[PDB]
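Undergrad: Throw the hints in and build the complete structure from the sequences for me.
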Amino acid sequence: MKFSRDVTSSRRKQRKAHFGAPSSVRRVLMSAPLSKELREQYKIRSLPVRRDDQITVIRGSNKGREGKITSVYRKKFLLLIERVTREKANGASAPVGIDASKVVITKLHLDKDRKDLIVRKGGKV
Amino acid sequence: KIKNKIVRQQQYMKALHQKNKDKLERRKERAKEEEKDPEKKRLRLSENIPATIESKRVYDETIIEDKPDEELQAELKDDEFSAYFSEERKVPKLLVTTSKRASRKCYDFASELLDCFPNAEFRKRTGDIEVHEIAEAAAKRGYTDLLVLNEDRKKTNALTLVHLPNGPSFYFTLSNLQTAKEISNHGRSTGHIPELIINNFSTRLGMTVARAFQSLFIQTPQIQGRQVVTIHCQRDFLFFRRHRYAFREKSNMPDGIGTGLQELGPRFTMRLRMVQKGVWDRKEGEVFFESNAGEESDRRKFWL
Amino acid sequence: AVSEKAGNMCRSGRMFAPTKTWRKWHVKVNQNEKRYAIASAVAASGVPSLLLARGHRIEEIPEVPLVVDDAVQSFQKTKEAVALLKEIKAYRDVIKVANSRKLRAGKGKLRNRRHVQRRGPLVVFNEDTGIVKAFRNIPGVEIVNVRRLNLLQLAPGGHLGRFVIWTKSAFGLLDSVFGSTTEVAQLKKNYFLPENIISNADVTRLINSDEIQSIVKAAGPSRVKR
Amino acid sequence: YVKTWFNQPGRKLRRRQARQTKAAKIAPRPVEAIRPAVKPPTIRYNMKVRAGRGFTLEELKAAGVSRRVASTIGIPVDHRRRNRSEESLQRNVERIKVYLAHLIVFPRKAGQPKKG
Amino acid sequence: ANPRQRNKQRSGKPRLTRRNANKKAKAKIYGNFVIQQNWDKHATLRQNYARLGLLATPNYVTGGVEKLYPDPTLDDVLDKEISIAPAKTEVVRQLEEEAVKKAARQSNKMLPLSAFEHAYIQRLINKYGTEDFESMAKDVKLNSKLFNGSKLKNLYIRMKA
RNA sequence: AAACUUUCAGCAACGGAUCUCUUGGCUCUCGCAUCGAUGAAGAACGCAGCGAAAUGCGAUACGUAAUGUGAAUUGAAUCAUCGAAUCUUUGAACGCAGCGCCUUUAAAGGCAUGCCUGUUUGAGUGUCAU
RNA sequence: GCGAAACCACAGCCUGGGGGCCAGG
RNA sequence: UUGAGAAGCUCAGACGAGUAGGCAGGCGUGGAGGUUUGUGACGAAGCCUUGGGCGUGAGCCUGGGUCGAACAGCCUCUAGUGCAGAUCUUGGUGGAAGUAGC
RNA sequence: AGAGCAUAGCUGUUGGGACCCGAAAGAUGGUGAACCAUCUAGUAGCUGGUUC
RNA sequence: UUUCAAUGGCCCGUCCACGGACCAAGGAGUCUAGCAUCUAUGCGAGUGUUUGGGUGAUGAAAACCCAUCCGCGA
RNA sequence: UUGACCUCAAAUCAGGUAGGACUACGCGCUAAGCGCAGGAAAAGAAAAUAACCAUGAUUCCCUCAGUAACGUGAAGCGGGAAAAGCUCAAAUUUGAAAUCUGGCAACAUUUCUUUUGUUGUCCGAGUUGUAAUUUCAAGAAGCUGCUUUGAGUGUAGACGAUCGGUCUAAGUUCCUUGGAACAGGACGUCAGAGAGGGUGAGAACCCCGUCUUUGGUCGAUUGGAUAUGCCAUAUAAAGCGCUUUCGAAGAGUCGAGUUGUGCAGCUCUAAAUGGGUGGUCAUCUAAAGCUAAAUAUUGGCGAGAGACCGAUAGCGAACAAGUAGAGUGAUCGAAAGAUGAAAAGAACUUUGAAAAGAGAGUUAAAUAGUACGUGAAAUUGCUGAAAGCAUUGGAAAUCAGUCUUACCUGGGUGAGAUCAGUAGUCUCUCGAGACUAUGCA
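Same order as they appear, the protein sequences are chains Y, x, C, L and v. Per PDB author numbering, the very first residue in the first sequence carries number 1; after that it's consecutive. Per PDB author numbering, the very first residue in the second sequence carries number 3; after that it's consecutive. According to PDB author numbering, the residues represented by the third sequence are 53 to 58, 93 to 312, in order. Per PDB author numbering, the very first residue in the fourth sequence carries number 21; after that it's consecutive. According to PDB author numbering, the residues represented by the fifth sequence are 2 to 73, 119 to 207, in order.
Please note: incorrect hints may appear among the correct ones.
Computed from the model, here is a short list of chain v residues facing chain C with C-beta under 10 Å [to be verified]:
| id | residue |
| --- | --- |
| 1 | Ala2 |
| 2 | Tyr61 |
| 3 | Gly65 |
| 4 | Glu67 |
| 5 | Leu69 |
| 6 | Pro71 |
| 7 | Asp72 |
| 8 | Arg139 |
Quick list of in silico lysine-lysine cross-link-like pairs, DSS-like style, CA-CA up to 25 Å [claimed, not checked]:
| id | chain 1 | residue 1 | chain 2 | residue 2 |
| --- | --- | --- | --- | --- |
| 9 | L | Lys32 | v | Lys29 |
| 10 | x | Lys5 | Y | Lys76 |
| 11 | v | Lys191 | L | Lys134 |
| 12 | x | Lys142 | x | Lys92 |
| 13 | L | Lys42 | v | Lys27 |
| 14 | L | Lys129 | v | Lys148 |
| 15 | Y | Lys2 | v | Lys27 |
| 16 | L | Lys45 | v | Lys29 |
| 17 | v | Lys148 | L | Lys45 |
| 18 | L | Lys23 | C | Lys106 |
| 19 | L | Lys32 | C | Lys275 |
| 20 | Y | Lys2 | C | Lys182 |
| 21 | v | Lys173 | v | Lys147 |
| 22 | v | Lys199 | Y | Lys13 |
| 23 | v | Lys68 | C | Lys120 |
| 24 | L | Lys45 | v | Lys24 |
| 25 | v | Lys197 | L | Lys134 |
| 26 | v | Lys147 | L | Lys134 |
Everything labelled a hint here was simulated from the structure, so no lab data went into it. The beta-carbon is built from N, C-alpha and C at its ideal position, and this holds for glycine as well.
TA: Structure (structure tokens):
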């Protein structure tokens, strides 16, 4: 139960805030769990996704698939992964997007900012 | 994306009209340059074949090549159905039975099945006898295949057949069951033995079913009656039809000769749900093939 | 209410006698009738058949009224509280509540009333030294001070017989909160527990007593023959 | 026009916080000033004792609090009221005496120039 | 509803959302330090004053107080001198002593003299003595500022220290 | 007999009811106090994304600087913060309604009225002194 | 080829007796 | 003899038009609290149905078809709660009629 | 040798727009050379309607 | 269910007339203050906490508590 | 001839300020019109009540009280919220205009290079009066002896307030259904977090959040205090003792006569123990001024809710909405939400001038194909059958459900348990249940 009258439990406000969230807020909304090994060695439960992250699809029709996140489609809250696509009628391979929570990060693209984020968020590189 | 309904309908209308215009222009210019140069007309017609489910069927290695295979013919010459296909030529003797306490609707279809098969009996199912007990009883009484028409709620929805005495048992779910009255331009069958034709049973499991259906019919049809019973497997749906055929002229036909079909009935469809190795026991049967529903959602994936 | 600027039979018109904010929303009850109902609701909480009749899963509670030590007031973790309810076998009511969480039927879940569930035990404490936070996340459990008993929490729905888990000090202060029928309450001014219309409420004990069955005229038949 | 009281409990809370704010500012000293005891002015209520506005100049002179330092320690001064009877004088002189009995006034920093 | 409010809904610019809604939030005690170090931030000011041993009101209270536990002449009112009162709690005792000690530190209210004042009073003293301030005042040749005998006495008394 | 007419049933239309939803309204409460001659509110005209019958922005034209997150959009950003800049023509609108003027180098800086305070310069058969 | 609108409880054989009721044509 | 929902069960006899008007008991809808260890993607609600059933009735239960995400019984609370009509309001659709007519 | 006071419910009744719709005016402030916006839910013995 | 047969059967509301082409949806004794009776409830020569104050750590617009008045009654 | 002052002018001289908009709440003039403000406004420290044991600025709430008064309709008192008091005019500083704006020059300072001051100097304002002192509650001037004292500027730390960043618990284990597991079951975990939202169906443990947080940490801006340093123009300024001394108090106003709506107009026009207002007494002390809080708030900048509405409802507007559109104009003013989990929005072949059609293909579903959730009725077409309101039955079509397998009795064969002329364990209260052995009379 929330006790703060600063936060709203109104569904209308939560739904408006989610879908009218800006691209900087959507950056945090698209977060994926790390694998067990990364979770137990970086001491971080979950990170926002990024391009060039190595992930495994955990739920859905594409369960078990792996690949690198080619891009993040933040407008539709969707991820795009290498070779996880769908063939169209004409023979084109139109990519299919998956929710960031439905994948798991198995190899992080470690920039310098992530390492600073890791140490800041109770982590040990 | 446009959350105004009218505008998104006008935006689609403009998009649709432009899409139709430039696809027509591309078609028109292609038509002009093809009639001018046939060398690209049939060139396109030889690669741009429309795709269909059968052409896009998922790969299964169990599909047998048209060329004869020794290993398959080694396994098929001494199996349960061998006494029908060997030099013995054992005449099939069918037993037809309904589920316990069936209605007149079940018998109005069982009679049509009886018409489809000469020398096939029908013992009304009575008392506390079971399918594993009829099989033993019919085995000692000279029968070689027992069909059980299952109905509930005044509709025949299933058909299990067991190959006597211990041959494979198949479980089908009938559908679209039409009687001869319900068929337009029907006919009255005669006593002539029908001729069976079977199509499109490519997979090896298909041959197990095809031999099971072949073993029901007498191996020597009476051609003078020109009655033909068709078992066709399309996208795993088995269609059972009976027809009267008479050859005549046909300008559309390749050799100028074509046959006219008059439907005899009954008309129905089956789906193969279970195949068991032995007498049909629902609880303790050795499952040869179980039809997983979640795997049949692929419209391009067939087991028959 | 609706807007004051917003015939009633004409579409896009105005409704008949539009709603006003100055409707009577609250209602007064004599403070003695409020206190009588709190006393009646507490007395019912000590009848195990009224607790079962209200839906509580108290079939393995050691004793009703269920009163626990004052160590419970100093609980810190929900694990300690969930453990306590399991030894006193009050947790089956918590399983009843946790399993009963549904989505609401109606438009009421478009109005922030999304979920519904049953009501678990009412823990009544005397001092808050950690008990409230250790118990407040177990679904259906409500904690309340013994100085501020709420009729809304003592007869949910107007239905009598809530399952109350008292602490020793809460139970000790019940006589100061409510008083006697002859002696006054210490924590209410000049307040005495209501008196009853009958003395022994078992009327079948009165009717079938030797006092009354010794002077009655001999009874005719039950359902009589035709 | 109807005056509706839906903010009756929101007013109650706001006034408590204003009291809480007032204390936070001057917390060692009372949130209210002291008042005299006066007798209501009619034949119906003259037997009651109620709070007045401030103490008279005769009352402060008799107690020992000059009218200038009276306000600085939270003693209101009503110049309008007077003492027509000795009962009101001695009732409120004693009231100031009791208030001064419990008063702890904290010393202030006083300018002390180096020269004479 | 209003056009100014639709102006904001139909624009992607965020609102000036300020999150300062803290209910059950009591004001924190600046002002004193001894009171701040003995203030229970949960309890009411009445409870906090009462626990600290202070009076929140020197007047009556216009409502019932919280009861938690079942607890079991003109010349006489004018010349009486009440000898303070005991300090019930240790916080009030701490306030009392620090105020007395702070008075001791800032206890030199008495003023020294200056060069002008010292020569002024001394010159008057040498001619008139150290006891006849009335005749000192009536002199005008030496008492140019025309101080009265009461201001001359303070100068004389102040010169010694 | 058939058409036609009616009734019933099936299917196909037509229509958009119902049901379910809902970034909307309505109502109550709480907190706060901030427009303009240093050019407001409003109006027009542009710019690029585009669907504009929407939005943002102003010739630095979805904005530039600085800060932050840190790597997009479909040192990135149709991001957030935001103290520095810039902000077309109007409009209380202010040189007169193109026409003019003053100063400086076509460009730039200016040119409304009332009143307040002061500064400077003028006038008085206004008074007075020499 | 284009193409309404007003209007519409329901419908349309006569005679007599009390435009459908009664008895006849 | 088990037949105390004592608000239950049981015996008997008489009676039955009904406008205004009075009294009582019930059926239904939106939301509220409690409750049914309630129902639900193995299909909620809605809708369709010469399928069946219950009640004098208001109405309720159900089979089948359609459908695709929520719903209901019981005890209280509450109300913007029940339509055949107001030359009612809004929308939709008819016969007139392929007529008048251009 | 006092029976009242409070709360709630039903019923009646009185005033508020007062069961719903329907009436010829006029006033204040504007627009164009009558019109427009409020007042206005103007005035009801009356008409039509008023749901298991 | 459809139809046939024999029998009966004159269009509904409203006050002759007035409304009715059909269908769906919406559509009218409401809320509030005063008074009177009746019933229930609590207390009872009393009675009424909710102007306000206290208090409420789980939601705090609630619930709980109550000083001084004041009403009506006597 | 000169100068001083006065009055009136001029300047694109320097420095300012006013307008217009909003207007829920405020205050005025006359719902509307007109004028003017603020974060509140207005009111406000008695020319106020009362008749008492008297009260004590204002505002607000309750009550008084639907009372008095003349259907209108209060007020004194009483209960409460909040409480805070003051500034001038009228008396010579007269041993000293002690007062102030501005220019210039320095210096300091900042929410700020944007702000705000200090010191010095020069001119101006001002004696037709700027300061100090005084405001009736008094007060001045003496006299007296007790107690008192900063408009200064730094540093330090603490406590507060605001603003931005940062810190945080636990399953995506196994089985079944499904296009998808967020469902069912099994087994676990966290809980100061089981609010809410998202994710391909009901998610505390997938994600954002939530709780901790009534807080640690980190920047930055400031409150009032505290400790301390350096300065301090005190030859000063106060409070209260006393008096052989004084004690100023607001006029075209009050009041009277007469008209219009207390107020205003017009005619007349005062007083000094006076004047006002109440019952000779009491009580105020007008015609000058300021003043927080308690109170109001359909606007502004934001929040958090709800027994509210659920697309003919709810704002006119859930979307393009004051928009499209109408009118010369003032003004008036709509209708319009939903494919799917994902466009995978239908490749390709073919007919047709095209629009589109048919083969096909995607989907779990095309009975989801944008004229897209569900898809009612009125209504229209086609096909099939029959014919040319109620009662009762016939014909035709259709439909409901409908039982056989059990009871008893006898024997044979084995099985065990609640049986044993049997041994143990656990939980309750001797024996009651649950068991594990061993035997089968």
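Undergrad: Decide, hint by hint, whether the structure agrees.
TA: Do the hints match the structure? See the list:
1. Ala2: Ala2/v check passes; min Cβ-Cβ to chain C is 9 Å, inside 10 Å.
2. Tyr61: Violated, because the Cβ-Cβ distance from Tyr61/v to chain C comes to roughly 17 Å (cut-off 10 Å).
3. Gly65: holds, 8 Å
4. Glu67: Hint on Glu67/v: holds, closest Cβ of chain C at ~9 Å, below 10 Å.
5. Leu69: holds, 7 Å
6. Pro71: holds, 3 Å
7. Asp72: Check passed: Cβ of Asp72/v comes within 8 Å of chain C, closer than 10 Å.
8. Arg139: violated, 28 Å
9. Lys32/L to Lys29/v: holds, 20 Å
10. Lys5/x to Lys76/Y: Within the cut-off at roughly 15 Å; holds.
11. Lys191/v to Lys134/L: This hinted pair holds, its Cα atoms lying about 23 Å apart.
12. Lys142/x to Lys92/x: holds, 16 Å
13. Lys42/L to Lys27/v: holds, 11 Å
14. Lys129/L to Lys148/v: holds, 10 Å
15. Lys2/Y to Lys27/v: holds, 19 Å
16. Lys45/L to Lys29/v: Roughly 9 Å between the alpha carbons, so the hint for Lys45/L and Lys29/v holds.
17. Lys148/v to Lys45/L: holds, 22 Å
18. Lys23/L to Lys106/C: Satisfied, since the Cα-Cα distance of roughly 12 Å is no more than 25 Å.
19. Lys32/L to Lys275/C: OK: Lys32/L and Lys275/C at ~24 Å, within 25 Å.
20. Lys2/Y to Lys182/C: Holds, at about 23 Å.
21. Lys173/v to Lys147/v: violated, 44 Å
22. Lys199/v to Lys13/Y: violated, 81 Å
23. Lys68/v to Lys120/C: Satisfied, since the Cα-Cα distance of roughly 19 Å is no more than 25 Å.
24. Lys45/L to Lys24/v: Distance ~20 Å between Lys45/L and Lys24/v Cα, so the pair holds.
25. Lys197/v to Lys134/L: holds, 21 Å
26. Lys147/v to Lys134/L: With a Cα-Cα distance of about 23 Å, the restraint between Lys147/v and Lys134/L holds, given a limit of 25 Å.
The structure is inconsistent with the numbered hints 2, 8, 21 and 22, although it conforms to all the rest.
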